[PDB]
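*Asks:* Now for the letters of each chain:
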Amino acid sequence: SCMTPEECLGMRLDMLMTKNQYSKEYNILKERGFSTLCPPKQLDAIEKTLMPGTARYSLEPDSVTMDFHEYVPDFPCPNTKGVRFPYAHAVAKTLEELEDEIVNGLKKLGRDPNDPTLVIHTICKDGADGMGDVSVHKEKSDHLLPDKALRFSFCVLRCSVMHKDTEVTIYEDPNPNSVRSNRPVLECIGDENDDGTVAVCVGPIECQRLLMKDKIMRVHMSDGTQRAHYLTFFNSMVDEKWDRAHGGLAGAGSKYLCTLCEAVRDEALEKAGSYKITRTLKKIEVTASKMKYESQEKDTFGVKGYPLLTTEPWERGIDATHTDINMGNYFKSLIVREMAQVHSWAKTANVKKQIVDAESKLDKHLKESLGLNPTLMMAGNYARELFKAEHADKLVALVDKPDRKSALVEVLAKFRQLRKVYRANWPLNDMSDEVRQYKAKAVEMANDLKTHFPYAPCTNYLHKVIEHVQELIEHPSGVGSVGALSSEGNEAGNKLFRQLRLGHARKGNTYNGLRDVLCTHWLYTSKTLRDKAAXXXXXXXXXXXXXXXXXXX
Amino acid sequence: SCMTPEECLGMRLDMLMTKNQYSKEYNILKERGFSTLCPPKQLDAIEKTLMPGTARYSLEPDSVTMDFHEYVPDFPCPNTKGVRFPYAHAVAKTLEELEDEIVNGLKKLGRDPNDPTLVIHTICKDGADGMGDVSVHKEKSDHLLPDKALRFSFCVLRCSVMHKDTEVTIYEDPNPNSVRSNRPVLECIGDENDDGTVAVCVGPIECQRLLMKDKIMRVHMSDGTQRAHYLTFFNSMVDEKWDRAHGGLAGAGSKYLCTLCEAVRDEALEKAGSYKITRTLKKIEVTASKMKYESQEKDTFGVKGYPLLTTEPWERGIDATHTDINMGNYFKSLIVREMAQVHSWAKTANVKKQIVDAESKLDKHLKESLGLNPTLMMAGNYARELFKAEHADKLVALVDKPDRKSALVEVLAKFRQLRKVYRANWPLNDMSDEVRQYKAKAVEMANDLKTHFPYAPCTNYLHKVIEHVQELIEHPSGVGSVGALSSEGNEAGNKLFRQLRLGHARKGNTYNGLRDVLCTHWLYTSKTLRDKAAXXXXXXXXXXXXXXXXXXX
Amino acid sequence: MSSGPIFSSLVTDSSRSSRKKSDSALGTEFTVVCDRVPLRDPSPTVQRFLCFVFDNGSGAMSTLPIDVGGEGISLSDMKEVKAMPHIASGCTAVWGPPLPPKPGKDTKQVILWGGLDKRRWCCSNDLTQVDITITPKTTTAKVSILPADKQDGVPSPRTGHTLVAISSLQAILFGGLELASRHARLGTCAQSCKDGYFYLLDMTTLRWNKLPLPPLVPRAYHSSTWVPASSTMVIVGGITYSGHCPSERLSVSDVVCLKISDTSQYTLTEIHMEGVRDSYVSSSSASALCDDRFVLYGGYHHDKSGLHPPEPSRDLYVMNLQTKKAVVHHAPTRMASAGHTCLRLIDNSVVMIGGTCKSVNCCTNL
Amino acid sequence: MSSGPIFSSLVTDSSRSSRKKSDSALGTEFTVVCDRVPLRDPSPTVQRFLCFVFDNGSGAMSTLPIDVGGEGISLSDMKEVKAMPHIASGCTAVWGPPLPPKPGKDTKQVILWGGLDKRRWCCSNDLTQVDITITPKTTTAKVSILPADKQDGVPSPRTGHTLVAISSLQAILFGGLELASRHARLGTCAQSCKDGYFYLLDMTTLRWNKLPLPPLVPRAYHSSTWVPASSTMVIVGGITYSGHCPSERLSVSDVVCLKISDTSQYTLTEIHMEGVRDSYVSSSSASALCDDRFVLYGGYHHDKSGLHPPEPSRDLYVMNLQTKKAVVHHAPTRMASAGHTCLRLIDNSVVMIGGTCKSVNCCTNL
DNA sequence: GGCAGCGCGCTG
DNA sequence: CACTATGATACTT
DNA sequence: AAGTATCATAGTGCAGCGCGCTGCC
DNA sequence: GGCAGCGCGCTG
DNA sequence: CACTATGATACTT
DNA sequence: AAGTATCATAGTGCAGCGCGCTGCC
Ligand SMILES: [Ca+2]
Ligand SMILES: [Ca+2]
Ligand SMILES: [Zn+2]
Ligand SMILES: [Zn+2]
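Residue numbers (the entry's author numbering), protein chains in the order written: chain E, 545 to 602, 631 to 1125; chain A, 545 to 602, 631 to 1125; chain M, 1 to 366; chain N, 1 to 366.
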């Protein structure tokens, strides 16, 4: 008759049904008298079960993100309000989840409850990015809230290095670059350009991350027997504007373009391949103990750096998904430059009229067969149309003088052929000859720009394509890819963040409401829930491919 | 065991549960095997029942809003796409709803199935207003879609004039200025400033409305017996920017300020009380048959008019709810003008610095006890704080020289005392001495501005307060109010309009998706549904007022 | 000199004009005369086409001249004179009767007829006289709207056409109908209502005396311009009263006063041609002329679907109707970006070609 | 002349300055000297306080002078000279040793000590020398950051204070501590760690020789400024190491070198006063001086809650500590909008008062 | 030796 | 060569 | 008549900065 | 007699 | 003196 | 231990136009 509360809790989340609506449906089928879903007092018992902070290591949830006094304005507290977790409990509660997966994951060997025997080598990733223009409330105070929010989350990818000579991957979380495998850590209302605050909220999380990393742990008193793990991370969701203003460097660059190598702006040459690692801190001190702007000024700098270098592990950083936007802003720009017979990238007073008019003509012509409404701030759906295997002739159809047309399609064709390296979730398990030839293939692709075009602008992502990808995937003890290591799982999460706040969560008080954003957003992404909900068997129709016909319909 | 489909259809709408989510919950409790809600194939049978166009008068739904050819571009078709209904079917289907209400509404007389005996005198209202900045799709064409939308809906208020000498109101729809009693007629994607299109979509709806109005009808072959009605309407949701650019007149005015009277800009006198009615059309023809800009130029004009006067019944128009914004922009402006000792409303190069600095001081001081984040485009929630019975001292606390402080609070106190006339749903059933003295009371309120202030600006709504309210409510055969005749039910409906489109309805094709907006938004507001759903009895606690204590908690 | 190059004329930088780049040539209708007082180039050489490229209401700004000099095209003036009470897409007919001259300026009378409404979305028969007068360095304007009071034998108000006439007081021809929606009409306005009539329109006496003929009913939406010099006037296709049957044209139709020393013997004939492919009209407008032949544009710059033939496209068709062996050839087709909205610029005994467009503000030249 | 009016000085129209209306006086720390070279008014009458009102990093723009002339206040210059590598809310100590003069310009040495970090959010002990030199119509600057290499007897880096000293090479006093968060500290940083020590700081030889005394532990967050003319220096309240016990002060505390002809006999005493109400400090800053007494602001322009007393508010307190009958009265309190952030401007044997604020850029005058 | 404009390109 | 989201409807079961 | 599959696409990544010239001091 | 700026105030 | 929407929790049943 | 009631507030109303001066022709 009556039911299981975990079934109801799994039922609620895929609806994104707010709590009062579930109470209303419970009351309706109660008043009609149907043996049905559980009451919410049966829910909020086990709602505190899945909250973090219920394990041990190698009691109030939802801690305030200020953690100092109120009545004494001696510290200049910056304008920020939000809720965070302790990071280690957030690691451990996710570790409680995949325990049963490891049980069916320790196959072809077994020997499962052997604690000092088989130590599991897991590896994950994290990152943070800001927001823009979320609504502001009454706030009853004497200082505003600057419109924006910070979020910090982290995923889980692999769990096998330290295994046998038959070192075999046993769990990959098959999506993996998405929502519903992103566990939240930090939500706060703040701002990051006149920043002041990342050292208040995000700073101590990284100072905890240093104590986390590179250590054998045990999920202490898990469930009956324990289970050990070796935690490893990979910080690469820190896309370029975040990269340098807290990785010490300077954003637009104009002297050193990469946050991995040392390279001149004006080099379209073969390679750099240098891998600066944490040296810059020492070159802070030489600027700090001697003549801040007048010592070693553009003299010893492998790369310019103002501050003393927040978040730590700088030998690993690139994104994949957040390069298609700059690749599109590169190639559509090149097509516009080709459209009117101009040269020398600029907006000169007798050239930019031709440039803007040809760009408007390209916009209307691309509208007459495809879609481009906006002009600025390209979207990834507009990116993927510009690299699909079809529609290549439609992107060049106004370009006369067909030799330039053939070369312009040929460079894009090289780009399609060699684009499959990144935004592939697992290379080294596919396309491995392309993986072992991609450096020479990308040198050829830059060579095609080198001879058919005298322009050669090298923006901040071409140097992250024609180098820093072959050796990056090739590198030992990393992961061996960039695609599954990307940063789209936060961004669709940001699509949820307005959606879980703008008329979803507690309203009427800012700090009391953002906590209820974070609580249900933590409950949204437990795999223990999504394995228990929405898991049925659809009616089979012989793999939905063919009777013997009709690849479509 | 199994259930009623109307119960399920009422269950879905208060959730705003999208159709696939209901299919998902049906599949989940089906796979768990619980005798529960109906399948969606049981829904879409009776989903076509409640659609309009299933009665007769005194078969495809969802007609296209172009209704001419495609292959022949001879007419310059303007950029617009949307879905409308035939208006008369939309009247009749709502008439099918309240039939059972009339059955229990014909009380203390009875004589219910007597068709030529008791003719029911109903009366309603309508109006339209635009939108702003809704997302644009691919559209696969050679012309854009200008970001915006038009909506047109209509309510139902009263149903008793032509009854006995004991002429008694029998149904009032108790909310009534809200959503869930607004039935849609027109949704379209268009624009109204470089308009062209209101004569395409809205125009024929008003040309149908002329054939509708002032006629005894019968809801032909209703349910067993028929039922007659006498339809009457009242177009007043047409707030000021809509009022003149299709009521012929000129928006800012500066010579004639009211769309009911003929009045000079520079008259803060006793009254006007003139009631121009449809005369302007004749003064179009005298400008049309003679010397368009050089005949009767500011000579015969009771009011300036360029065009030949769209939508008809111009003797009735004002809003109540959309005056609090201009009243707040009046009174906060007056408080700012009082804050620094200035005169003569302007922004002079030696005065507007004082004005802006005092306004910023007032903004920060009001922030230190209450809330005002923005500057432009005031909201009604910010309006109602400026007229609440408390907080009056906090709005004047920076104003020194306490005689001006006392007068400034006194004028607002007159405004609170005499504000209860409008935004009351039914005067002539309450506050009737205020109703019979409000003209002299408002003359006194304008007299208070007259003597304690030498400024006297008369904006376009003070003339709609100190006149055109007493006689408007007093007028025979109207309704006898302005408050329940207001225009907020559209605007919260606009809060639903993004909400039923932005990731709710059909997506991927504009015209096919906006139809599914309109269909579920028509299904959202049937009273036959909301009487069948969400109607339970809460657990009583002796009217939730007192045991004998504690007016709060 | 026929068969001359493209001449994409020089665009406007919006430096001293309004914020449109002069791209508002969509939905425009105007006239132009080779006329004196060279107030845009006071030179002893440059004969100048005087012009007012805007004569509309809801299409654009109210009225506007242009810098069509002798050879080149630029800006020379910006008006909003008599700011928009005017007509929708209507016509722009033959010049009115001349006035007594003045020491320094010349007089013009413009007739405007037919069109939609920007306010009612229905028919309109706004007979409109506009007085235009040109002195150096400025002009003036007067408006004379005349509704049906002065009108005698009122024709049915209707959609679209052009109008041609002998230069004083004579016949003005062949409007194009609307299937207008009225009260109780809004369902299935794809019907077919018809007049198809001659009407002689005296310019001063406002009287549409319909000339006697057994009426050829179909094909009244487009036409050509009346020709001098052993005169003729031709109608071209574009309509079947319904919006459902195409107008794939392989012949023409001559409306001409037969003995032009008086105004008599109004007959009608059709002449098949040396047809290149098919489908003379792309359901759009050509209507322009030449000195011994026609200049007929009109094709699809963008291939909106012809109903039965997959024929029509943006090229130029030139008809040798003046020859008794009436044939059709082509000039070398200057396949620019143009098409589907052209307006004329003719000259007798010589080829001098101008034209406008929708928003590709350019020049069609032959 | 003490007890003079408000003098809300004249605001900046942002016509030739940056886009801040000079309202960026929040979180600022500076010095000022009555000094020659009247480069802002070359007159034989107007003696001028020379000043550089910005000496900060993350608080504002990097550095900035001001048009404090003889009497009135305006703008005269806008800098971003040595653009922001500098310190957070730290101190701004006593002027450094003078340099050999030059024909046309004068030399200055500024010491900066203590403060937060805009990048690490922890302690910092940035001992900073800044060379300042003023010629007419422009200046120059040099930066000399010195970390702990040249530092001998390094004190614990800490939150906030002011620093006073005899004009050359002598004792510089009483920083204010942080309950700093470290690794494994983030829960309950409401503890109490203490030093409470004298330290004599030679300006040239970077050595914090801690002067011997049995240490009064509490009350090191605010203080006053050292006074000449039978010298004295006073500490004022504001802290109980915890952020949980208030600092309702009814007495003062004299730190003074006893026999100032040498630098010896460092003692300590407290003196109760003619207390007006209670609670000398509103948990904020006064620290300013006068010529025979003190000028002590600091009260709540906005009443943030005192913990135990409901006493503190925006008025001026003036202490008669120079009198052996040490009493407390008031000057007539110019209750302007000011409060809670004041910086000093003193002069010997006369009352000449200036001050800044958070964003109400004004002048405190007595 | 600065120095504050254009003037724009980098990534948002 | 992100995934997750929407509602008819044509084509299997 | 029940049940997927297919069709096309929206959602969200949303200003500082740092050059490189320039006369121009 | 226009006439196109400020210059802003009306209602959005 | 619009109504409808959100989630604890204090106070009734 | 079940059930309302209370607490505070977000949501949506989101550029044309028409004066009234002005020298300025
Ligand atoms: Ca971001
Ligand atoms: Ca609106
Ligand atoms: Zn690199
Ligand atoms: Zn009026």
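Fair warning: there could be bad hints in the mix.
[Unchecked claim] Using C-beta positions, here's what the derived DEER-type ranges look like:
#1 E962/A x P310/N: 21 to 27 angstroms
#2 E857/A x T140/M: 47 to 53 angstroms
#3 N765/E x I166/N: 51 to 57 angstroms
#4 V858/A x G943/E: 47 to 53 angstroms
#5 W95/N x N765/E: 52 to 58 angstroms
#6 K324/N x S978/A: 49 to 55 angstroms
#7 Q780/A x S144/M: 47 to 53 angstroms
#8 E842/A x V143/M: 37 to 43 angstroms
[Claimed, not checked] Short, incomplete list of chain A residues facing chain M, as computed with Cβ under 8 angstroms:
#9 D639
#10 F640
#11 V644
#12 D646
#13 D714
#14 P776
#15 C779
#16 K864
#17 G874
#18 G877
#19 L880
#20 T882
Bear in mind the hints are in silico, worked out from the structure with no lab data behind them. Each residue gets a CB set at the ideal place from its N, CA and C atoms; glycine is no exception.
*Asks:* With reference to the structure, classify each hint as holding or not holding.
*Replies:* For each hint, the structure was consulted:
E962/A and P310/N have their C-beta atoms about 24 angstroms apart, which keeps the hinted 21 to 27 angstroms range intact. Between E857/A and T140/M the CB atoms are about 26 angstroms apart, so this pair departs from the stated range of 47 to 53 angstroms. Checked against the given bound of 51 to 57 angstroms, the beta carbons of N765/E and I166/N, roughly 44 angstroms apart, lie outside it. Between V858/A and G943/E the Cβ separation comes to about 51 angstroms, which falls inside the hinted range of 47 to 53 angstroms.
Remark: the range hint 52 to 58 angstroms for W95/N to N765/E is contradicted by a beta-carbon distance near 36 angstroms. The hinted window of 49 to 55 angstroms between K324/N and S978/A holds, with their beta carbons roughly 52 angstroms apart. Roughly 36 angstroms separates the CB atoms of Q780/A and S144/M, a value that falls outside the hinted 47 to 53 angstroms. The hinted window of 37 to 43 angstroms between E842/A and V143/M holds, with their beta carbons roughly 41 angstroms apart.
Evaluation of the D639/A hint against chain M yields a held restraint, the C-beta minimum of about 7 angstroms falling below 8 angstroms. Given the 8 angstroms rule on beta carbons, the hint for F640/A holds: about 6 angstroms separates it from the nearest Cβ of chain M. Taking 8 angstroms as the C-beta cut-off, the interface hint given for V644/A holds, the closest approach to chain M being about 5 angstroms. The interface hint given for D646/A holds, since its Cβ lies 7 angstroms from the closest Cβ of chain M, which is under the 8 angstroms cut-off.
For the restraint placing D714/A at the interface with chain M, the shortest Cβ-Cβ distance is roughly 7 angstroms, inside the 8 angstroms limit, so the hint holds. A hinted interface residue such as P776/A counts as satisfied when its beta carbon comes closer than 8 angstroms to some beta carbon of chain M; here the least separation is about 6 angstroms, so the hint holds. At a threshold of 8 angstroms, the smallest CB-CB gap from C779/A to chain M is about 6 angstroms, leaving the interface hint in force. Hint status for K864/A relative to chain M: holds, with the closest Cβ pair at about 5 angstroms, below 8 angstroms.
At about 20 angstroms, the closest approach between the beta carbon of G874/A and any beta carbon in chain M exceeds 8 angstroms, and the interface hint on this residue is violated. A cut of 8 angstroms between beta carbons decides the hint on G877/A: the least distance to chain M is about 11 angstroms, and the hint is violated. This hint holds: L880/A has a C-beta 6 angstroms from the nearest C-beta of chain M, less than the 8 angstroms allowed. Interface restraint check: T882/A against chain M, minimum CB-CB distance 7 angstroms, threshold 8 angstroms, status holds.
Checked against the numbered hints given earlier, the structure breaks hints 2, 3, 5, 7, 17 and 18 and satisfies all the rest.
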